[PDB]
Amino acid sequence: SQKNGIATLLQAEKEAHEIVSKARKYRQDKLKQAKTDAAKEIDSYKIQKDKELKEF
Amino acid sequence: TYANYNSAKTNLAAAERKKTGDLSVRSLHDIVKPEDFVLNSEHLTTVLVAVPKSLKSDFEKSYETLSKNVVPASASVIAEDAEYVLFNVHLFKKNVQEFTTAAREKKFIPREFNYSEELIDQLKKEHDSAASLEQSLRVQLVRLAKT
Amino acid sequence: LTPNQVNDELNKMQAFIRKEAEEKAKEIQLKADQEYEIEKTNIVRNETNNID
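Residue numbers (the authors' numbering), protein chains in the order written: chain H, 2 to 57; chain O, 148 to 294; chain G, 8 to 59.
Since the hints were made in silico from the structure, they are not lab data.
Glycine is no exception: its CB is placed at the ideal position from the N, C-alpha and C atoms.
Hints may be right or wrong, so weigh each one.
[As the list claims (entries may be wrong)] Interface residues of chain O toward chain G, partial, derived using beta-carbon atoms under 7 Å:
1. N187
2. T192
3. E211
4. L213
5. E265
6. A292
7. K293
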């Protein structure tokens, strides 16, 4: 029987599922890091505005 | 009580009417279908059997034929019966349209059964449950009617 | 039929399934990255508006 073909197909599907999960996790991490960078940039803009207010 | 006993006997008769495989009625209670290598596939589950008009063990060979691309399934199987040709084919739902086409493009109409372990065990024990219902109906109603 | 056509039945289905899975995973990753970028831009705009 085609046990080798069955095993190859199953392993390929498992590896593809693992790769999909890893890619989803990487995209989520990129979104979280970009949100953190956006928050840091907003805080820096607020700090620059506060420094401008202190200079005023 | 007599009605209950008759209903239990009818249930037992219906359970026993199911031919043990090789026909439109499967032998999932006492066949090698759920425990075969067709149990789980890469992205589907393989389930197929037939009553071939050519010879027994045909559905096992037919999977090894060109139909293996008609459904991403491939597995060994031990399914045979001399009187009525028995076998098991491999077909995956990842090509469910093509799998159904491969099951229909033969002398046998589509014929598959639940290979899940829990469902298989429940189906196998359903006959025992019907037999026990008949036996308990006998034991209870016979004594009650004697009284 | 006969098992003599192994060249298109032993591994052709496996290759097709692997290609479909890889394409689906790549499309999902690209869509997730694009959605992450869009949500990052929206969150940046919202945070900048609040800070302003």
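Regarding the hint that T192 of chain O lies at the interface with chain G, is the smallest CB-CB distance below 7 Å? 14 Å, violated
ask   = With a cut-off of 7 Å, does the beta carbon of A292 of chain O approach a beta carbon of chain G closely enough for the hint to hold?
value = 62 Å, violated
For the hint on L213 of chain O, just tell me whether its beta-carbon gets within less than 7 Å of chain G. 5 Å, holds
query: Taking the least C-beta to C-beta distance, is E211 of chain O closer than 7 Å to chain G?
result: 4 Å, holds
Restraint outcome when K293 of chain O is required to lie within 7 Å of chain G by C-beta distance = Constraint on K293 of chain O not satisfied, violated at 64 Å.
Holds or violated: the hint that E265 of chain O contacts chain G, with Cβ atoms closer than 7 Å.
Violated - the Cβ of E265 of chain O stays beyond 7 Å from chain G, reaching only about 27 Å at its closest.
query = With 7 Å as the cut and Cβ atoms as the points, is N187 of chain O at the interface with chain G?
reply = 14 Å, violated
Violated hints, listed in ascending order, are 1, 2, 5, 6 and 7; each of the other numbered hints is respected by the structure.
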